[PDB]
Amino acid sequence: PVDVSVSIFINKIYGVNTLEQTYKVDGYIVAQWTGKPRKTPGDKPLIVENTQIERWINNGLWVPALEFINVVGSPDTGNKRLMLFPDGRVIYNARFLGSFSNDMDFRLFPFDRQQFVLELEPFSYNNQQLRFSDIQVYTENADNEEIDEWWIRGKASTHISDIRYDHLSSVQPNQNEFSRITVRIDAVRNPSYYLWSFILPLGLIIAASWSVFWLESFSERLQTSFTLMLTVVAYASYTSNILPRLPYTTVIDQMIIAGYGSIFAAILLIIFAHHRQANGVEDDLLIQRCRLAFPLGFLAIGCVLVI
Amino acid sequence: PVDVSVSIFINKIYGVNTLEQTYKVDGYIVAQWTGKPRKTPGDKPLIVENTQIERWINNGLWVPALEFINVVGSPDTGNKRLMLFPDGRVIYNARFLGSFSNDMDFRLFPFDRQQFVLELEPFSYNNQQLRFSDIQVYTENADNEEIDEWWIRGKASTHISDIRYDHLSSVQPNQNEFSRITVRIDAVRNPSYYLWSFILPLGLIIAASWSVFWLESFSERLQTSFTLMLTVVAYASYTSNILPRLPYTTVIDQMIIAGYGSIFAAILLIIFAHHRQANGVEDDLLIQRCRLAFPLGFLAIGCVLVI
Amino acid sequence: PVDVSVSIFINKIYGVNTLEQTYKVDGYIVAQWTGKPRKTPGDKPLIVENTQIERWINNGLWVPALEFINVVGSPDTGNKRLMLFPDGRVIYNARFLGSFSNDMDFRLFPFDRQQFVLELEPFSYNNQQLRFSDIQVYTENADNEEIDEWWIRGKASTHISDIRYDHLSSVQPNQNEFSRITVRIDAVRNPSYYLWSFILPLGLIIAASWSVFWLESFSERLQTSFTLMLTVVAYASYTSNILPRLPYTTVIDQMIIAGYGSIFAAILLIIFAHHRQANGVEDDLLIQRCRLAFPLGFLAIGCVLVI
Amino acid sequence: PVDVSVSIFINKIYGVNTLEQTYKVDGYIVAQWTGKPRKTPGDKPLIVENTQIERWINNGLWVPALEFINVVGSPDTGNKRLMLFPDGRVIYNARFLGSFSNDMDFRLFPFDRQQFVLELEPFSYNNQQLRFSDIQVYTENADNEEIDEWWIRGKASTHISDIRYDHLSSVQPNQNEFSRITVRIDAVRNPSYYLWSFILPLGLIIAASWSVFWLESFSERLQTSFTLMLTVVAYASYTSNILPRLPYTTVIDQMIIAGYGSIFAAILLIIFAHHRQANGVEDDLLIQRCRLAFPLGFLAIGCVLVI
Amino acid sequence: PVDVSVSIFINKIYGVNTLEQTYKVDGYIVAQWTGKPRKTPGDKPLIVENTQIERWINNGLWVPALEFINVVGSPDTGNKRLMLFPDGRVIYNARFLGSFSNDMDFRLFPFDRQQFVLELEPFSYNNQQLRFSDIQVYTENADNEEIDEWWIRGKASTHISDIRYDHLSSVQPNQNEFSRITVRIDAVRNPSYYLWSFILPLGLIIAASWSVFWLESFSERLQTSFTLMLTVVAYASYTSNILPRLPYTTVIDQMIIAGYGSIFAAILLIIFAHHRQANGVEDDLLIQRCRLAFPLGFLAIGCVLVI
Ligand SMILES: C[C@]12C[C@@H]3C[C@](C)(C1)C[C@@](N)(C3)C2
Ligand SMILES: C[C@]12C[C@@H]3C[C@](C)(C1)C[C@@](N)(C3)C2
Ligand SMILES: C[C@]12C[C@@H]3C[C@](C)(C1)C[C@@](N)(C3)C2
Ligand SMILES: C[C@]12C[C@@H]3C[C@](C)(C1)C[C@@](N)(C3)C2
Ligand SMILES: C[C@]12C[C@@H]3C[C@](C)(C1)C[C@@](N)(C3)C2
Ligand SMILES: C[C@]12C[C@@H]3C[C@](C)(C1)C[C@@](N)(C3)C2
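Residue numbers (my numbering), protein chains in the order written: chain A, 3 to 309; chain B, 3 to 309; chain C, 3 to 309; chain D, 3 to 309; chain E, 3 to 309.
No lab work stands behind these hints: they were computed from the structure.
Ideal Cβ placement from N, Cα and C applies to all residues, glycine included.
Certain hints may be false.
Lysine to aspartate or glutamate pairs mimicking EDC-like chemistry, simulated, CA-CA at most 20 angstroms apart [claimed, not checked]:
{"#": "1", "chain 1": "C", "residue 1": "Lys157", "chain 2": "C", "residue 2": "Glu142"}
{"#": "2", "chain 1": "E", "residue 1": "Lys26", "chain 2": "D", "residue 2": "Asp105"}
{"#": "3", "chain 1": "A", "residue 1": "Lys26", "chain 2": "E", "residue 2": "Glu22"}
{"#": "4", "chain 1": "D", "residue 1": "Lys38", "chain 2": "D", "residue 2": "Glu56"}
Computed, partial: chain A to chain E, Cβ under 7 angstroms [unchecked claim]:
{"#": "5", "residue": "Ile31"}
{"#": "6", "residue": "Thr42"}
{"#": "7", "residue": "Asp45"}
{"#": "8", "residue": "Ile149"}
{"#": "9", "residue": "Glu151"}
{"#": "10", "residue": "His169"}
{"#": "11", "residue": "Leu170"}
{"#": "12", "residue": "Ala210"}
{"#": "13", "residue": "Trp216"}
{"#": "14", "residue": "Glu222"}
{"#": "15", "residue": "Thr233"}
{"#": "16", "residue": "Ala236"}
{"#": "17", "residue": "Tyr237"}
Simulated restraints on C-beta separations [stated by the list, open to error]:
{"#": "18", "chain 1": "D", "residue 1": "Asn60", "chain 2": "E", "residue 2": "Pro39", "range": "40 to 46 angstroms"}
{"#": "19", "chain 1": "B", "residue 1": "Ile149", "chain 2": "C", "residue 2": "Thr53", "range": "40 to 46 angstroms"}
{"#": "20", "chain 1": "D", "residue 1": "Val190", "chain 2": "E", "residue 2": "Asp136", "range": "46 to 52 angstroms"}
{"#": "21", "chain 1": "D", "residue 1": "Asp168", "chain 2": "C", "residue 2": "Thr53", "range": "31 to 37 angstroms"}
{"#": "22", "chain 1": "E", "residue 1": "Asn146", "chain 2": "A", "residue 2": "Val190", "range": "41 to 47 angstroms"}
Okay, chain A solo, but in the shape it has when bound:
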């Protein structure tokens, strides 16, 4: 079984697509293995770039296809190169930009943790033909973090394995296991942008909603919460157009719902305060002073939803 040692050089992980559960990786693949010795010009190793690799492949050089298992679509490949050594060994070297796929839970956006994954597995040779001897991953990364959207935690965690397929070809003995390289990079979303620009004003809006109770008349109280209502809606629209599209609510969505809830609840209180009476216009001296009651009741429920 030919031992292929692999190297991934990750140049950029960027472009996350939340709806698609997809992220873009720019980098190099390096694959190395040893064949039967060759005679090269001089006796210094031989270089074969791009186009000529196919010419070499035609006259019979084994360059096994290594497919990116979790790539969506087939990757943009840049220069390719062969280094042929006389002692037999072969080095395949190529640049790639691919859009990769992984399960991505975004429900605690903008406080989500994600993991970028690469899965590599030979397209046609099983573990008895081609086996992954090792893999190094160079994440040429560090520092300058707050300008950066995602905070990389690790330094590329790795797992080589054997994948067994129960449903394949006309194959019986044990030729149904392929070797797989799985590369993981752990990350955390930098939530500041959402804290200052989405969370904060959404809060100031919700906060001032409560100031409806500092209004003198009932006509004033009831008529204003309609504006307040229009404002939360105005805010949702501002929000939605900019934030990632998901098939679920985020923490920010729920704050909006809660704002809708708060204002619609005050509507009930404002209306109820008025018509529950011992005459007709008995505004409950005590209930009308829930100006401090349910800002902190919202503050209590604010903590209860987080548990």
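Starting from the structure of chain A, add chains B, C, D and E with the ligands where the hints point.
Here is chains B, C, D and E with the ligands on its own, set in the frame of chain A:
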């Protein structure tokens, strides 16, 4: 008449385009048939990957083209492999990402059931030349529905059938029946996002809109439903920028129509109250107390849409 | 002059681009013509799919280029096939997805009728070298209009003709008339979404706008109309995001202008009623009670605009 | 010095990209010149389409690359044809779709004049090797401007010229002047949509804004002007959502500023009228009667911008 | 150790993607080196364009791969040309369009400085095989700045340097230093559009927001701030849709934040004015008349944040 057995491996179904009635599928086709026996190197099956498959084809390897009927555009193809066994049999193996077309009725959005379909048919060989002998489809599926946009339901439907074409070339005898593979994968929409961030708050606005009748004055009543009206427009737009583009109204779209509708009737009821009089400002104590009438009048007419 | 019979199978018409005056057609071209007898294996017709076709051309098979005249950019091609008959004939068979160009008037959107057109014409052989003997077009059609954006109406129209070019090569006598196929498909827009979701509420807004004259006070009357004005802009904004970019107004675009007018009209009337006085509030004791005047005076300007 | 005559057929100029200063051109290029005499089948001119052209090149057919200087990216090419006449002459014919670049000032949008440009210059041969002998451009354009985004005006400006490059090899004699073909086609924007749906309603907003002064009270005067303000903003968003992206202001932009300009001046005045006093409520009965004063001042400042 | 001279001709820098930290460059690479003498037709240099360059490479011509280290995806290449001189020297010539990557801090948008960078480094040859001898960059730009999005300011920076890779393949002796060309171009953003259309009206919004204190009553003061609140929100959304998506805040973002705060600050000030009393309605003469106070209190907090 050659028996061709096929396997589809579905990796990801994603990117539904509502306006286009379209969705993306990543996966593998495996097609197999038996030829006249070959003398292969050693005696184990010969592997041929990508660039070299053409070379075998140029020298007369029969590799029949199996086209994806309902593909829009020509699919992105990944690695291809030919495996030539010595006893005659040949297996074609390839990866694809393609956009497939199928009738997609989105009218009960966000509660639609959709069906992702793949249709397979030889491009040049009819059922007397090439026949589909059987087909399994593996949906490497499980888990995390709650994380996903669509929830797949069945295990996948399969049907081999024979399609007869009545109008073609100058060929008649019986070369007009092609053998067809049809794959069906059932799905349901994840409704929850739309329930909580569209339906519910649109629902609160509708109700709180009705609180306009709890206003004491006539002037307050009428002037206020104009803000209520402006709110629904603002809401409608929020919805519009976010929801899928269609050529018909969805259940949400209708909720907005009703919202506009409730508000406009309220204008009428409120004006009717005022100027229908025995003085000038005799607001029908009873009709202004339709504070209970058309809130539950809306629920009756809302439940009439269920037939 | 080689007689070529053509067949187009129209699979999908989708992707209208109103700014570009463009649409997408998925389908197959079939071209048939007769050369000199060939020897085919057995004596049964010979099949040549995709890759092998070019190779036949290298050995001199005449496969003439038939160009899509009105295609924007060059079409995505699927599988190509040649059926070479021993009796002399050749049949060319191809799938295409193309972005096609045609004049499209959108002024009565969402009630426009459009016609999707294909224009076929040889790239290198004139009508005395190659002539279109005929052309039939199959629109595999039926059902589900209510599901679709466009309603195909006809069954497809035809035109075989001669296009005369006055300025060409160093050759003058008659290498200037090429034969052209024109395929025409009629369509109507499914107007229902824009009917219920844009027209109706836009109407209810305009309608309820007129209820300004039912307000007792002048402040009520003049200030309320400012809200109305804001509502129409909000409505304008709501719309624009969804409507197609055109360089002219549509029907909806006019209802909007009509609205701004009706509102701007009342601002003036409300100011006029009040400040044309012999005191300060000498409202033309009746004019303010034009609650029927320019609502139905507006309706009059509406039917005349349909001239 | 090979005389090459060039002919361009322009089919569609479309898809202007304002941020990029880019527009699309679909059409055919035709280049003609005479080489040394050839023996053709019979003695009738020989046609060489697509694939077969390369074959002719590999055997030494001189086919010079003529590059589109101002093309962004490389053009989409459709069919190509070589016509080889026996007397020596060669005719190259190919269809193209390209994104072309030219300086585009959009500041008087929507009343801008633009010029679509093509620049053709050999990639490898200087004016002493390959010279452009003449060039005609056919603009198969006409009719129906009212339907189209752009109004093509002229019949196309043409200039064959000599371009001198100062920095190349160790060459002294004269190898540094390349011959260039330049096509100019003038156009004007169809302003109608923006006139009717951007300028007119905008003016009415501005106009109806000045009616803030016909309000009786001060509250009304100040409080309403905030409503007016929100309106200008709402209008601004609707506009931006739709208007082309630029790095400078357009006429419309300036209008929006003016709307903001009108309102903020009005607020100042309304407060000034109120508190500039000899009492407390000496509202300047006259300055609050600047109801026609700064409508003609906005009109004066509007017409002065042309000076 | 082969000396390579390089030239970059920058035709266009355009299409910055703020989220991707990406920009587009159109231009030509010219690489020159000296090989072993050739016999060319006559003795004048031989020109070899496009398709034919591979053919020369197939026969063993060394045309080394020079990679753009920082390009995202593989560049679109136009014409390629090989110039083979008889004295030995070889000149490679090509047009390119690529999307390049580089670090871009966008935080003081729209007054940011950015730098468009090109990085070139041989794909397979280290500094002992292939060395960069010198490099020029020509930016055929000038004039018309006030029309363009970025104002290129300096000329262009160049640095030939040696990159040492400590961890590669299994090669150690000295094969780990590659020579790298680095091109730097400084640019500043055209701030004008944002100053006039975004900053300016926002100032007018914020300022006129403070005139809420010139209102006589408490109701006028409190309720009107809710209108002010809705206005700033509307301004935010209008802005959002238009400004470049970043994962962190800009100057304008903060202005919006500030604007929100200003409004929320005043709600508190206004309510406090009402309820901090020695009667019930002691509206604090200074705090009610803080009409000069936090208009200039906002200017104090505004300038220190600039420091
Ligand atoms: C057995 C195989 C066949 C092809 C599809 C699968 C999914 C399964 C991956 C693989 N590497 C290639 C191995
Ligand atoms: C007869 C055929 C020829 C080509 C077009 C059609 C539609 C009809 C499908 C097919 N599989 C391929 C079979
Ligand atoms: C002669 C031709 C040459 C090329 C351009 C024209 C417009 C005229 C169309 C055509 N099919 C191709 C035939
Ligand atoms: C001389 C040349 C060489 C190459 C680069 C330049 C810029 C200058 C354009 C050209 N067409 C191709 C001609
Ligand atoms: C307040 C709003 C209400 C709705 C219409 C306006 C025009 C004004 C734009 C907006 N995005 C949504 C915000
Ligand atoms: C040594 C190398 C090998 C390949 C990948 C790296 C990242 C490292 C860049 C390089 N130019 C090409 C040089």
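Against the structure, the hints come out as follows:
Restraint check for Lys157 (chain C) and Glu142 (chain C): the C-alpha separation of about 9 angstroms stays at or below 20 angstroms, so the hint holds. At most 20 angstroms may separate the alpha-carbon atoms for a hinted pair to count; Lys26 (chain E) and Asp105 (chain D) meet this at roughly 17 angstroms. At most 20 angstroms may separate the alpha-carbon atoms for a hinted pair to count; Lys26 (chain A) and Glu22 (chain E) meet this at roughly 10 angstroms. Straight-line distance between C-alpha atoms of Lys38 (chain D) and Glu56 (chain D) comes to about 19 angstroms, which keeps the hinted pair within the 20 angstroms bound.
Interface hint at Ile31 (chain A): violated, since its Cβ lies 12 angstroms from the closest Cβ of chain E, which is beyond the 7 angstroms cut-off. A least Cβ separation of about 14 angstroms between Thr42 (chain A) and chain E goes past the 7 angstroms threshold, and the interface hint is therefore violated. The restraint placing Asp45 (chain A) at the interface with chain E is violated, with a minimum CB-CB distance near 15 angstroms, outside the 7 angstroms limit. Interface restraint check for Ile149 (chain A): the shortest CB-CB distance to chain E comes to about 6 angstroms, inside 7 angstroms, so the restraint holds.
Interface hint status for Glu151 (chain A): upheld, as the beta-carbon distance to the closest one in chain E is roughly 4 angstroms, under 7 angstroms. Annotation: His169 (chain A) was flagged as interfacial toward chain E, and the flag is violated, the nearest CB pair being 36 angstroms apart, outside 7 angstroms. Here the hint on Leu170 (chain A) is broken, as its CB sits about 34 angstroms from the closest CB of chain E, past 7 angstroms. Annotation: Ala210 (chain A) was flagged as interfacial toward chain E, and the flag holds, the nearest CB pair being 5 angstroms apart, inside 7 angstroms.
Given hint, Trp216 (chain A) at the interface with chain E, holds; its Cβ is 5 angstroms from that chain's nearest Cβ, closer than 7 angstroms. For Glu222 (chain A), the interface hint holds, the least distance from its beta-carbon to any beta-carbon of chain E being 6 angstroms, beneath 7 angstroms. Given hint, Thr233 (chain A) at the interface with chain E, holds; its Cβ is 5 angstroms from that chain's nearest Cβ, closer than 7 angstroms. Checking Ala236 (chain A) against chain E: minimum C-beta separation of about 5 angstroms stays under 7 angstroms; hint holds.
Because the closest C-beta pair between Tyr237 (chain A) and chain E is about 6 angstroms apart, less than 7 angstroms, the hint holds. Under the hint 40 to 46 angstroms, the C-beta atoms of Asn60 (chain D) and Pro39 (chain E), about 25 angstroms apart, miss the expected range. Distance hint check: the CB atoms of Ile149 (chain B) and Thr53 (chain C) are about 42 angstroms apart, consistent with the given range 40 to 46 angstroms. Between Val190 (chain D) and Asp136 (chain E) the beta carbons are some 49 angstroms apart, a value that agrees with the proposed interval 46 to 52 angstroms.
About 49 angstroms separates the C-beta atoms of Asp168 (chain D) and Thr53 (chain C), a value inconsistent with the hinted range of 31 to 37 angstroms. About 45 angstroms separates the C-beta atoms of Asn146 (chain E) and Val190 (chain A), a value consistent with the hinted range of 41 to 47 angstroms.
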